Amino acid sequence: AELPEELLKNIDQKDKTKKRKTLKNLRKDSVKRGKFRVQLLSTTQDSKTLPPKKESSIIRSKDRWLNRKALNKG
Amino acid sequence: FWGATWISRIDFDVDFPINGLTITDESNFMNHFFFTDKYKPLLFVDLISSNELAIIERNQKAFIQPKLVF
Amino acid sequence: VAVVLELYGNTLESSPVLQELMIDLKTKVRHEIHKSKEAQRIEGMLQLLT
Amino acid sequence: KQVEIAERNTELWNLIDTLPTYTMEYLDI
Amino acid sequence: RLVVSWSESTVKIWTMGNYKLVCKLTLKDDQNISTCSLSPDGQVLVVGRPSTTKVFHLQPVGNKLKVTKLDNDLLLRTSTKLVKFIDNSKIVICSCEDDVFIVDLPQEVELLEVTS
Amino acid sequence: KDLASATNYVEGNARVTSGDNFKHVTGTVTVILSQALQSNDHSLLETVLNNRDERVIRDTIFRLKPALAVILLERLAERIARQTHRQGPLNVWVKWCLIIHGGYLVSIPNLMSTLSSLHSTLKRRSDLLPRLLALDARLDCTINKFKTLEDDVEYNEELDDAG
Amino acid sequence: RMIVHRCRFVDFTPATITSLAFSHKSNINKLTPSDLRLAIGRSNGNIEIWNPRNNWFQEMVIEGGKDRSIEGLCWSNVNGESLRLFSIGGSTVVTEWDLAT
Amino acid sequence: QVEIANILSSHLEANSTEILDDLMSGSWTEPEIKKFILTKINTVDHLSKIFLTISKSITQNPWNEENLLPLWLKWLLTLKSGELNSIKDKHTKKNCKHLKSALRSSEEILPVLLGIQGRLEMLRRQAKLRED
RNA sequence: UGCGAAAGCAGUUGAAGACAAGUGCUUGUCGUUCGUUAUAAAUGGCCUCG
Numbered sequence: 110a111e112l113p114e115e116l117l118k119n120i121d122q123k124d156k157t158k159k160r161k162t163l164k165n166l167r168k169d170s171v172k173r174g175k176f177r178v179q180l181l182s183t184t185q186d187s188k189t190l191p192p193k194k195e196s197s198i199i200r201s202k203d204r205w206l207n208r209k210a211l212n213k214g
Numbered sequence: 648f649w650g651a652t653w654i655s656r657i658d659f660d661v662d663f664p665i666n678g679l680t681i682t683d684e685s686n687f688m689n731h732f733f734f735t736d737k738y739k740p741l742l743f744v745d746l747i748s749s750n751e752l753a754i755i756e757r758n766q767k768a769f770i771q772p773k774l775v776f
Numbered sequence: 463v464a465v466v467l468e469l470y471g472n473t474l475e476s477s478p479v480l481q482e483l484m485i486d487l488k489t490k491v492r493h494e495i496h497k498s499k500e501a502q503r504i505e506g507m508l509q510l511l512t
Numbered sequence: 664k665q666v667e668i669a670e671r672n673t674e675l676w677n678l679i680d681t703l704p705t706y707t708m709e710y711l712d713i
Numbered sequence: 389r390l391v392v393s394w395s396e397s398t399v400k401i402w403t404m405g413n414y415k416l417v418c419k420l421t422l423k424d425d426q427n428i429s430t431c432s433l434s435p436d437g438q439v440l441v442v443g444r445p446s447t448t449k450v451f452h453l454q455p456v457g458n459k460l461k462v463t464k465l466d467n468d469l470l471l472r473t474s475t476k477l478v479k480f481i482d483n484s485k486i487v488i489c490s491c492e493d494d495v496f497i498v499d500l508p509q510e511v512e513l514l515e516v517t518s
Numbered sequence: 348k349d350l351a352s353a354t355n356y357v358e359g360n361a362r363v364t365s366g367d368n369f370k371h372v434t435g436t437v438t439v440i441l442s443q444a445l446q447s448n449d450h451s452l453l454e455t456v457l458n459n460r461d462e463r464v465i466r467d468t469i470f471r472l473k474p475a476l477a478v479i480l481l482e483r484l485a486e487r488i489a490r491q492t493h494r495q496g497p498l499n500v501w502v503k504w505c506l507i508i509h510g511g512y513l514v515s516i517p518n519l520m521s522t523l524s525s526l527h528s529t530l531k532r533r534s535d536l537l538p539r540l541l542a543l544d545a546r547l548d549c550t551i552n553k554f555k556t557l575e576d577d578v579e580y581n582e583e584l585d586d587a588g
Numbered sequence: 030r031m032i033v034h035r036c037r038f039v040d041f042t043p044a045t046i047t048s049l050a051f052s053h054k055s056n057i058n059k060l061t062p063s064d065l066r067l068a069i070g071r072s073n074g075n076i077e078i079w080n081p082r083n084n085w086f087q088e089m090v091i092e093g094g095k096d097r098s099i100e101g102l103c104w105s106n107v108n109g110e111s112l113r114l115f116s117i118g119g120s121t122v123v124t125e126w127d128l129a130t
Numbered sequence: 384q385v386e387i388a389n390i391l392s393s394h395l396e397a398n399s400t401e402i403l404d405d406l407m408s409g410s411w412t413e414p415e416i417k418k419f420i421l422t423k424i425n426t427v428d429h430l431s432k433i434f435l436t437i438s439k440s441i442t443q444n445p446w447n448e449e450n451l452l453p454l455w456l457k458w459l460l461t462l463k464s465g466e467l468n469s470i471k472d473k474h475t476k477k478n479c480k481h482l483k484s485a486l487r488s489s490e491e492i493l494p495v496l497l498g499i500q501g502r503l504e505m506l507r508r509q510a511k512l513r514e515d
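Protein chains in written order, with PDB author numbering: chain Y, 110 to 124, 156 to 214; chain C, 648 to 666, 678 to 689, 731 to 758, 766 to 776; chain B, 463 to 512; chain V, 664 to 681, 703 to 713; chain X, 389 to 405, 413 to 500, 508 to 518; chain F, 348 to 372, 434 to 557, 575 to 588; chain R, 30 to 130; chain H, 384 to 515.
No lab work stands behind these hints, which were simulated from the structure alone.
Incorrect hints may have been included.
To be verified - Label pairs and their in silico Cβ distance ranges:
(1) Y:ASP124 / X:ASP499: 55 to 65 Å
(2) F:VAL464 / H:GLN443: 43 to 53 Å
(3) C:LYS737 / R:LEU60: 37 to 47 Å
To be verified - Only pairs whose alpha carbons sit at most 25 Å apart, straight line, appear in this in silico DSS-like list of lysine-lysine:
(4) F:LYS555 / B:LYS490
(5) X:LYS419 / Y:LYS158
(6) H:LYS418 / H:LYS463
(7) X:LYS423 / Y:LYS161
(8) H:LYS432 / H:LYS473
(9) F:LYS553 / H:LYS417
(10) Y:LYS161 / R:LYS95
(11) R:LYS95 / Y:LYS193
(12) R:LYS95 / X:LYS423
No residue lacks a Cβ here, since even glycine has one placed at the ideal position from N, Cα and C.
Construct all of the structure, not just a fragment, from the sequences and the given hints.
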C-alpha cells in the first residue's frame, strides 16, 4: 500500500584512560627537570596520624613464602 | 535487640514469668518476647518502616588435608 | 554416568553447561539404543535362514 | 503394538528403581 | 530508604524500593573511616576520621545522588570518634580527647569528671 | 623372594578370547563393490562403503552377484568388529543384503560357520540394550525434572578538588 | 507480620590476624588481674583490644590506615605505669600507641 | 479439565472408589497431569492413594493398550519420588513389589519380541520386492 | 531366612531386663537374657635395600 504522506514528511524533517593517566600525574610526587628531579613534600599530619607505609619487598616476600607451589595451597 | 548472630524483641509492658573458655570472674571487673537465631552473621539490623526490617549479612585457598571417606 | 548423576543432582540444576552435556548425552544414547534396536532385528533375521 | 507396550513397560520399571544475594521474607512474631 | 556502608575510606550507599547502588564515595585520606552519620532527611552525610571530619551534602538527581562537600574548617581540624545528628542541621561530636560539643553546620557541653 | 610371600598374579603374554569364538569349530558402485570383494582391496572397498545414501545401498546390492554377497557379509562383520562406532551405517548394508539375497542364503550348506562373526558381533550389541535402557530411564528422569525446573555513579574526591 | 529484607550486597571483610599478645604474664597461683587484655594484630593496620572477662567482649579498636599492616605486637606492664603497646608495621619503625586516644 | 481435577480432588478426600475412573478420564492431557500433581497433591495421603490405585491397575493388566495410567505413574514418580519413598506404609511397599514383579517380567518379554518385529520386516519387504 | 537358576518364588525383622540423656513420664543404647527359619565419620592409607 502507498505510504502515508505524514510518514514520508516527518522522516525528511528528521534527516576514561586519559582521566586515569591524569590521576597518575597527580599521584606522581617527583618529576625530572633537565638534570634535576624535584620531589613533592608530604604533609606533617599524614605522617603523625598513621604509622609509615610498609615497605613491600620485605612483606611481599613473606606472602609468597606462605603461598609456595610445593606447599600446594591449591 | 540484636547481636552478631541473634535478634530479639522484648516488650517492656509485660513482666517475664518468675518460675569454661572465659575467666571465672572471681575478681572484680575494675580494681511479647521474640527471639531468633536464624539470621547470621549480622552486620546491621534496623527497621526501614513500621513493618519492614533490614537484616544485613556477610555472604583464599586452603592447605589440602583430605578427609578420608569410604 | 549414573553415580555422578545420583551424586550431583542439585549441582546440575545451577550449572547450565552440564545440562547441555546431558542433552547431547541423551541424544547419543538414544542413537546407541537405535543402533542396537536393528541389531536384534537383524540377528533374528539371520536366524530365519538357518 | 506389543513393541511399544513392552518398551513403555521397560521405562516404567527402570524408573521405579531410581544462595540468593537478595531475599524477601516475612518474619513471624 | 538508603543503606550506607563505609569500609577503608570508601562509602557506598544503596537504595531499596529491588536494591540499587545509587552512589559510591571515594576519599583521599589513607586513614580509614571511623564513623559515618547521615542526617534524618538524608541530605547531609558526615564522614568522620580520627585525623579530620568531613561533611558532604547528598542531593538526588536521576535515581542517583549528587555529592557536594560542604566546607567547614572546624570539623576538618576536629578529631571524631563518634558523631550524631540532633536534627537535619545540628550535630554532636565527641573529640578524641573526650570533648563533646554542638555544631550547627563549637558549643561545648560540660562533662562530669571521673575519679581516677 | 621370601618363601612366606605369596606369588603374585601375572597375565604375561597370554591370549584372551571369548566363548563366542567360532573360528576353529545410475550412481551405483556395484562393479567397484564386486571388484574390491574379489580382490580383497581394502582401499577400494572403503571408498564404496563411504556412501551414506540408502537408495544407492539398495541398488548396488540389488545387482550384486549372489555368491559375492556372502563374502561381503563376512567382510562387513570384520570391519564392524574392528570399529564398532561404524555399527550404525554397516547394519544397513547387512540388512539390504539379507533381504535381497535371502533366497540365495537359504540354499547354502552352512551359514553359522561362515557368518559366525556377524552373529557374535550382532549379539554384543544386544547385550548392551538392557543396560542402556536402564541408563536412559535414569537419564530420563533427571533432565525431565530439571527441564521443568560502577564508574557511572562514582564520586572521586581528588578529581573534584582538581575540577 | 513484618517484612524482612535480607540483604547481602554489603560486603565487609576483616583482615587476616597477624599477631597475638596478652597484657600480663601468666601466674597460676595468683588470681586473674582486672586489667588483663588481649591485643589482636591485623593485616590492614587495625589493632583490636579484647577482654577475656564476661565471655569475650571487645573494648577498644585502633583503626589502621591505607597500605599499613601489623606484623608484631608486644606489651609492657611495669608496676605503677600504664599498659604500653608497641607494634611493628613492616618498616624500619617501632610505633608506641596512645591507648587513651 | 478443571471440573475433572476438582472431582478427582473431592473423591480423594472422600475416599471414593471412583478414583480410578477419574484417572481413566480421557480428558486428561500430559501438561495437565503435571499441573495437577505439582499443585493439587500437597498431602502425603493423597499421593499414597493415587499410587496405590494406579499401581494395582497396572499390576493386574500391565499390557493394557491405554497409555494414560502409565503416563500417570511415570509423572507421579519423577515429580514426587522424594515424597513417595517418604511413605512408610507397609502396604505401599508391598504394592511396589507387586508392580515390580509384573513390570520385571515385561522387560524379559521385550528382547525376544524385538527380534520377531525385525523377523517379520524382511518377510514384508521381501514380499514387496517380489510384487515389484 | 527357606527354596531355586544366576532370574526370581514365599516369609521375617518380637518380648523381657539394665544403663544413659531430657523433662513419675519421653527418647536412645546394650563385650544382658528369652523367642522367630530369620549409613559411616578421633584428619586417621602399605618400608627400605641403585
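To see whether the hints hold, each was checked on the structure:
Hint check: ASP124 (chain Y) to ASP499 (chain X), Cβ distance near 59 Å, so the stated range 55 to 65 Å holds. Evaluation of the 43 to 53 Å hint for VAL464 (chain F) and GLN443 (chain H) yields a pass: the beta carbon distance comes to about 51 Å. A beta carbon spacing of about 40 Å between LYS737 (chain C) and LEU60 (chain R) agrees with the range 37 to 47 Å that was offered as a hint. Between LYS555 (chain F) and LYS490 (chain B) the alpha-carbon distance is near 18 Å, which keeps this suggested pair within the 25 Å criterion.
Only pairs whose Cα atoms come within 25 Å are accepted, and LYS419 (chain X) paired with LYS158 (chain Y) is accepted, the gap being roughly 21 Å. Of the pairs offered as hints, the one joining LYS418 (chain H) and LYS463 (chain H) holds, with about 13 Å between alpha carbons and a cut-off of 25 Å not exceeded. For the proposed pair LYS423 (chain X) and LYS161 (chain Y), the alpha carbon gap of about 17 Å is at most 25 Å, so the pair holds. Restraint check: the Cα-Cα separation between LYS432 (chain H) and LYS473 (chain H) comes to about 13 Å, which is no more than 25 Å; the hinted pair holds.
For the proposed pair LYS553 (chain F) and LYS417 (chain H), the alpha carbon gap of about 11 Å is at most 25 Å, so the pair holds. At roughly 21 Å between alpha-carbon atoms, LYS161 (chain Y) and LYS95 (chain R) fall within 25 Å of each other, so this suggested pair holds. At roughly 8 Å between alpha-carbon atoms, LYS95 (chain R) and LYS193 (chain Y) fall within 25 Å of each other, so this suggested pair holds. Between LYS95 (chain R) and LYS423 (chain X) the alpha-carbon distance is near 10 Å, which keeps this suggested pair within the 25 Å criterion.
When held up to the earlier numbered hints, the structure conflicts with none and fits them all.
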